[PDB]
Every structure is written in structure tokens, then in C-alpha cells.
Amino acid sequence: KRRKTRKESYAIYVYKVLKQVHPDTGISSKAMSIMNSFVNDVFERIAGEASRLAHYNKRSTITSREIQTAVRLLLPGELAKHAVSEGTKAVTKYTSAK
Amino acid sequence: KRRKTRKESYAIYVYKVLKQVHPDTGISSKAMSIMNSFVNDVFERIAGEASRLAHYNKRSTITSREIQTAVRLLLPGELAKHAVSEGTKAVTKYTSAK
Amino acid sequence: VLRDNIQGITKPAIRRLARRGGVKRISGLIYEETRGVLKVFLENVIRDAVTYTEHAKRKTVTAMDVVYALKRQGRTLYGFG
Amino acid sequence: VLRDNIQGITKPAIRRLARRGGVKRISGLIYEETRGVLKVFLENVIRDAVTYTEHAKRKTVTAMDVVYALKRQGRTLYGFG
Amino acid sequence: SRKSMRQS
Amino acid sequence: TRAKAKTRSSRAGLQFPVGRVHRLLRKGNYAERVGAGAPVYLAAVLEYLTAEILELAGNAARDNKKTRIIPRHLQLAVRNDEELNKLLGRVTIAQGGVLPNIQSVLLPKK
Amino acid sequence: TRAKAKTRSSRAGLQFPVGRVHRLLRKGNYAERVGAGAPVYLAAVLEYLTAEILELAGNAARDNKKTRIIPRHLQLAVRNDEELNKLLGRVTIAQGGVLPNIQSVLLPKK
Amino acid sequence: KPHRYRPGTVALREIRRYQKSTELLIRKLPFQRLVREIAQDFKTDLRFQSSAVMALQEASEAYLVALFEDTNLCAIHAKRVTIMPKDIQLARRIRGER
Amino acid sequence: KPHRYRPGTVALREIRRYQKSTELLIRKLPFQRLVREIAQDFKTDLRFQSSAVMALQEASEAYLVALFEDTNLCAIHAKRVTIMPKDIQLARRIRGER
Numbered sequence: 028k029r030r031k032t033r034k035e036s037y038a039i040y041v042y043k044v045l046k047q048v049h050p051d052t053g054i055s056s057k058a059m060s061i062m063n064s065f066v067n068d069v070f071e072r073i074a075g076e077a078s079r080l081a082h083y084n085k086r087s088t089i090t091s092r093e094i095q096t097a098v099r100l101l102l103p104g105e106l107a108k109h110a111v112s113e114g115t116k117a118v119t120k121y122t123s124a125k
Numbered sequence: 028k029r030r031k032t033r034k035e036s037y038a039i040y041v042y043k044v045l046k047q048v049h050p051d052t053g054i055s056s057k058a059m060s061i062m063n064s065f066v067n068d069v070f071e072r073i074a075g076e077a078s079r080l081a082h083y084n085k086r087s088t089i090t091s092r093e094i095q096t097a098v099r100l101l102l103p104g105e106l107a108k109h110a111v112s113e114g115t116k117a118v119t120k121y122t123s124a125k
Numbered sequence: 021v022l023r024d025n026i027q028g029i030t031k032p033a034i035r036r037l038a039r040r041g042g043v044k045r046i047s048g049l050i051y052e053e054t055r056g057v058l059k060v061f062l063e064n065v066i067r068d069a070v071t072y073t074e075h076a077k078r079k080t081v082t083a084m085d086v087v088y089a090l091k092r093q094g095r096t097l098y099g100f101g
Numbered sequence: 021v022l023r024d025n026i027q028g029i030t031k032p033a034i035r036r037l038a039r040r041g042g043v044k045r046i047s048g049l050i051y052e053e054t055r056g057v058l059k060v061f062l063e064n065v066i067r068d069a070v071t072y073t074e075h076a077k078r079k080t081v082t083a084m085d086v087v088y089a090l091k092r093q094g095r096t097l098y099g100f101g
Numbered sequence: 129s130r131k132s133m134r135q136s
Numbered sequence: 010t011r012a013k014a015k016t017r018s019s020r021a022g023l024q025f026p027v028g029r030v031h032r033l034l035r036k037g038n039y040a041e042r043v044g045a046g047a048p049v050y051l052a053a054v055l056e057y058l059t060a061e062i063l064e065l066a067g068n069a070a071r072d073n074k075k076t077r078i079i080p081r082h083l084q085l086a087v088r089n090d091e092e093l094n095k096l097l098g099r100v101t102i103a104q105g106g107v108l109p110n111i112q113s114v115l116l117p118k119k
Numbered sequence: 010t011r012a013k014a015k016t017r018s019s020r021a022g023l024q025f026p027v028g029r030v031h032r033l034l035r036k037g038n039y040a041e042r043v044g045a046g047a048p049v050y051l052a053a054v055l056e057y058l059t060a061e062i063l064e065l066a067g068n069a070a071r072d073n074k075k076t077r078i079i080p081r082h083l084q085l086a087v088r089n090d091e092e093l094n095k096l097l098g099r100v101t102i103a104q105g106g107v108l109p110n111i112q113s114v115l116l117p118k119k
Numbered sequence: 037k038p039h040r041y042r043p044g045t046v047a048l049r050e051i052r053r054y055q056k057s058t059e060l061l062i063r064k065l066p067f068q069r070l071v072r073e074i075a076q077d078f079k080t081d082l083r084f085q086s087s088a089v090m091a092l093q094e095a096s097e098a099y100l101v102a103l104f105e106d107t108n109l110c111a112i113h114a115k116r117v118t119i120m121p122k123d124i125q126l127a128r129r130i131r132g133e134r
Numbered sequence: 037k038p039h040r041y042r043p044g045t046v047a048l049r050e051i052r053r054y055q056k057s058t059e060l061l062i063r064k065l066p067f068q069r070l071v072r073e074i075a076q077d078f079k080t081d082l083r084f085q086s087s088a089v090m091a092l093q094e095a096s097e098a099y100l101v102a103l104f105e106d107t108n109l110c111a112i113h114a115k116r117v118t119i120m121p122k123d124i125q126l127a128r129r130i131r132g133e134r
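Protein chains in written order, with the entry's author numbering: chain T, 28 to 125; chain R, 28 to 125; chain X, 21 to 101; chain V, 21 to 101; chain B, 129 to 136; chain S, 10 to 119; chain Q, 10 to 119; chain W, 37 to 134; chain U, 37 to 134.
It is worth saying that the hints were derived from the structure and are not from the lab.
No false leads were mixed into what you were given.
Computed cross-link-like contacts, DSS-like style, restricted to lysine-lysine with a CA-CA straight-line distance of at most 30 Å:
#1 U:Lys122 to V:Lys59
#2 B:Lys131 to S:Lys95
#3 R:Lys108 to R:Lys43
#4 X:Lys77 to R:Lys120
#5 T:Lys85 to Q:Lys36
Stretches of chain V that chain U covers, calculated by requiring three or more beta carbons in the stretch to come under 8 Å of a beta carbon on chain U:
#6 55-69
#7 73-84
In this text, a Cβ means the ideal position worked out from N, Cα and C, and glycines have one as well.
The shape of chain T in the complex, shown without the other chains:
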């Protein structure tokens, strides 16, 4: 009766986004694992780019603009601009709330 350890994953958030974009559509376990790995890889890429951006400018804080510059560097064009728009909108809403 040894309970397995807690393994964190983005499965629930990916499922919520899928239900937002496709209500009557499911996802298999392998596809969910692939999406989780994609999220982890993109997270690592953007975080590393922001970290080296901060190091280059001799800054000790990763801020919104560092993440924005990382997104602009790593994403191909229209994806980058739409991601920047979504990020700025989310940050503005969060700041407006509290």
C-alpha cells in the first residue's frame, strides 16, 4: 500500500486549453506526454534565453521584458508577435487586478 510519489505535469492545463479550443475533442496519454514535453522544452528555452539576457546586461532579476525579448528571439515571426501580445495582455490584466 505504498502510494506513488507526486509527479507534477501540465496535463490538467493542457486539457483545459484543449477544451477551450476544441470542446468535443480528446487527447491520448502519449499525446498528452508529448504536449507536456513540449511545454517543458519551451519553458527551458525561454528561461535560459532570459537568464543569458540578464547576464549579458549585468542584471540580477528576470523581469517581464527579459521574457519578452527571449520570446522575440526564439519564436518565428507571427508566433512571436502573437505570443508577445498575449503576454502583455495577461501582464496588464494581472497588474490591473492586483
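Go by the hints and put chains R, X, V, B, S, Q, W and U onto chain T.
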């Protein structure tokens, strides 16, 4: 009037190593800059690999073993084994002294 | 001790791999070259994976070790963690 | 405003670059393709460099920005810091 | 319920 | 008394976890300090990318008369989109297969 | 009275700065803690690689009747050593040029 | 009298079938034996997880499929429809592997 | 009768000369103008350091030389001694830039 802010480089250490290996051979400014950039690049590579190794194993400290594994993963063939031997010799001597 | 296992990649398997790659006609000498290339690739990936496993003080090569080995060679693989 | 500077990469320059690359005979249509490829490469590298410069709130593109842009694209350059 | 302007 | 707990994702209007992203950034050996808006911005970017890939994969699944996304649909969605293909150019999707592409020279001379 | 200062590089018999490498490791956002022997090992590895490249570049310079190493000598040393070429495969050396390689098919027929 | 397809219809049919399909094309047991034989030279008494061998097979098949695509392109470039070992060598040389 | 070298001796001589030399092969001012014209599309009133332009020229020449080596290899594969745009396209497609 005011001295420029000091910029740390590996020039003197590369020069000492060159005098050890070639007592009569000099080095140009561009070659010294290339050597400094090479040292910085290799240092960044090894440190990043060691950091990833520590993160994968849920460790908080980078030790001689982590750097050694990074060296084995990054240097090809005889370079890796020779670097391993030199580094283990250096660490053994350092621990033997104090 | 295993030996002569590179021959386990049979001619029909290489032909299927070429067909998935869009190859229509295959020379008879393709198979040995493909076996050698696959052996080199597997040697590199397995060497990196075994290095990762040895650093972990494990005696079992895990899927995460293979994933990290592939990612180090610029061949990130999804679907295994 | 600068315009039509891609023609500044003259035919003898492309010929010299090919000779350094070991090319013995060059077709006449090679020059336009080489100019287009060079334009695309410079566009990518300059875009990354300008992004780095803008993040630093600077108006001067520095050598370090170019080095970082090249490193991000897997084309590390030695001799410029 | 969610649509992206990238695909128009 | 203490106020009712509200998740940062709810404040940002995002589905991805702002708190988990912030904790990963703090414990990822990226920088000494992490700003308040960085996890929000990164969660928004991740959610947008997930939405794009999931929308394209759902379109592919509907084309294949399926109501469940499999790795093949993800591979088709990634490789059929130019920008997504560039983003995941060096990424292999397990059980994803390949896109149908036969060179014209190999086709029969009809 | 405190003991006379002795550099960590001298203890390990190395010419590269062990203390500077330790400081860069601590302030490089790589891990929460850095071991004592890690900077020693990294300095030894860097010194060995530098010694190899400098020896090969000096040999090239002596073969070119020069007493000062120039970028051309470094490029020749890197591209002539198989393992060093593999290590610096995606690295461009400024003012290094290229090797004198002419394909055999392009050579004149005797 | 027996029905026979011309030399190339079945090749195109197989190309279509295997580009539609997504299952692995190499037998599991021979590939596992090859993996164990290769790993024997690196460390003895090694054990492998099933997921590790599956990931290795997926990576190897993807790499081989991409290499065969490049080889087909090389063969077409030489005014041929048959892939030859020189095509594979040229593809690997342009990629930067040999 | 004036002396004339056959069509290919001078080409080989130029190959040897430019493989022995290390100086940049593109004129500095036209390349600087091209860089500035390209950068005009990304941000107005941009200034450039001399070292930045020198590094850009070095990287561009190295990339072009490597591409020309790959193009020559592709043209030799097609049993030709003349490089053509199709060779460049094949090289860039195999490299993964198209």
C-alpha cells in the same frame, strides 16, 4: 584622466601556458583574444552541462564528479580521457596539500 | 555476450525505412552503409546515456537518460518524459 | 536612406569567395542566388543583433551583440570578445 | 469558444 | 481575518499555473531574482503556444474522423505549419510518422 | 598572525586561476552551491585544452617560419587535429582562413 | 499469364503505405539485442528500461528516415532514381557528420 | 601570338591563392552599406561599431565559403565541375535552412 574599468581576461594564464609549452613562441593580440573566447566558451559549456547534471539528479552542489561527467560528455575521445586524468591529478594534489 | 547483432536490421527493415523516407529504388550496397551509420549513431547515443546513468550511480539505463542524451546531440525527443 | 546595396557584393567578390571554397567553375546564375542567401543570413543575424541591442536600451549595435546573435544561431565566432 | 487570429 | 485565496492565473486570466512557473523559475538556477510579471508572461506564452498546437491537432483529428488527439495528429499539425515546423525543427515526436511527400520525378510518366 | 597567502592555483600545480573560476561558478547561476574541487578540476581541464591548442599553434607557426602565433596558426591547429576540429566544429575563427583543399576531380589531367 | 506489376508500382504503394503508417519499422528484439551489444562495450551488466529501448528505437528510426530523405534528394540531384552509398556519404558530409 | 593560359589553370591558381590567404574577400564599404540597409528595416537611426561590422563580415564570409564548399561537393556529385543554383539549393536543403 580616469583609468578604464578593469576587464578580466585569461591573457596572462594563456601566456604562461604558452611559455611552458613553447618558451620562444609569442602570441598576437587577435590570437590572444581568440584563446580567451575559446576558454570562455569551454567554461560556459562545461558549467552548463554540470548544472544540467545536478538538476537531473536533484542535487544542489556542483562538485568534481559533476564537472568530470560534463567533461566526459563534451570532450571527444582522447581529449576527454586526458582532461579527466589531468583534472583528477590536480584535485588529488590540491586535497593532498590542504 | 552478444555478437553479430547488427545483422538483425534485415534488408526488408531497411527497405521499409527507405520507403517511409520516399526512396523508390534501393541499391544492394545501401544496407551495409545504413547498418554502419545506424551503429555509429546508436554508439554515440548509448555512450552518452551510459555516462548519464553512471553519473546517477544507477545500473539501469532509464528513458530519461536516453532523452537527455538525444537532447545533448540536438535531437530532442518528445513522448518519454 | 540606403537602397540597392546588395549589388555592392560584386561578381569578383563572389568569385573570390567561391575560389576560397574550392570552386573551379562558376555559373552565371550563381551570383544572384549567393546574394539572396547572403541577404537572408544577414537579415537573420542583424535581426537578432538589433533585438539584443534594443533589450539593452542602446542605439549602437555592438560587437558583443553580433557575437551573441551568432552564438544563438549556432555559429560561434572567436576573436571579437 | 477560443479562436486565434493567426489562422484568421 | 484573511482574504479569500485567488490564484495568480485567475488574476491574469490564464489557464497555465503562474505559481508553478514562478516556483520553477526561482528553483531553476536562472537568476538570483525573478520579477512578479515574468511568470505571468511566460504562462501566457506557454498557453498561447499550447492553444495553437492543440487547435491545429484538433483540426487534423477532425480531418482524420477522430475525436481524440494522437501523436500522429500532433506531428501533422507541427509539420504542416511553417512557423511551428521551424520552432520544432530539431524535435522528434514519438509515433508521429512522416508527412506524405513523394518527389515528382519518382511518379509514373502518365 | 595569519599564515602567508598561497593561491589555490599553486596548491593544485595549475597556471589557470582557481579562485576566479570558483567565483565565476558561484556568480554564474549554475547551482545553489559549488564544491571545493570543482574549480580545481575545471581549471585543470581548461589548462590542458589551452596547452594542447597552444602547442599545435606553435608547431604551425614554426612550420610557417613565424615566432608569433596568429589566427591562421590557430585555425590550422584546430582544423588539423581531429578531436579539436570536432570540439570546435561549429566555431568560426576570425582571420583564420581555410585549409588548402582542392578536389582531385578539379586537378589537371597530369 | 500470372499478373505482375511493373517495376515501381509496388514501391510507390509501399511508400504511400509507410508514410500513412506510424508504427516502428524495425523489429523490437533485434534492435534491443543490438542496443545491449553496443552498450556492452561501455559498461558491463547493464540493464535497460523498456521505455529507454523504445525511445532509442524511435530516435534511430527518425534519424534513418531523415537520412534516407536526404539521400533520395541527393540521388535525384545526380539525375538518378536509385540511392547509392555515395549519396548517403554526400548527405552526411553536407550535414556535418563525417 | 600572345600567351594565354588554358581555361582552368588561372582558376586553380586563384583557388590556391585565396586558400593560402586569410584577408577578407568582400569590400568593406559595400558590405557596411548593405548591413546598414538591412538594419534600417529593423530599427531606425541605428549606429554600428566598427568591430560589429568586422565580425558580421567575418561570419558572412565564413558562411559563404562553407556554403560554396558544400555547393562544389554537390556539383562534383552530379559529375560536373560547374556550380549551379540547384547545387546551392540542394546544399541548403540538406543543411536544413530551406
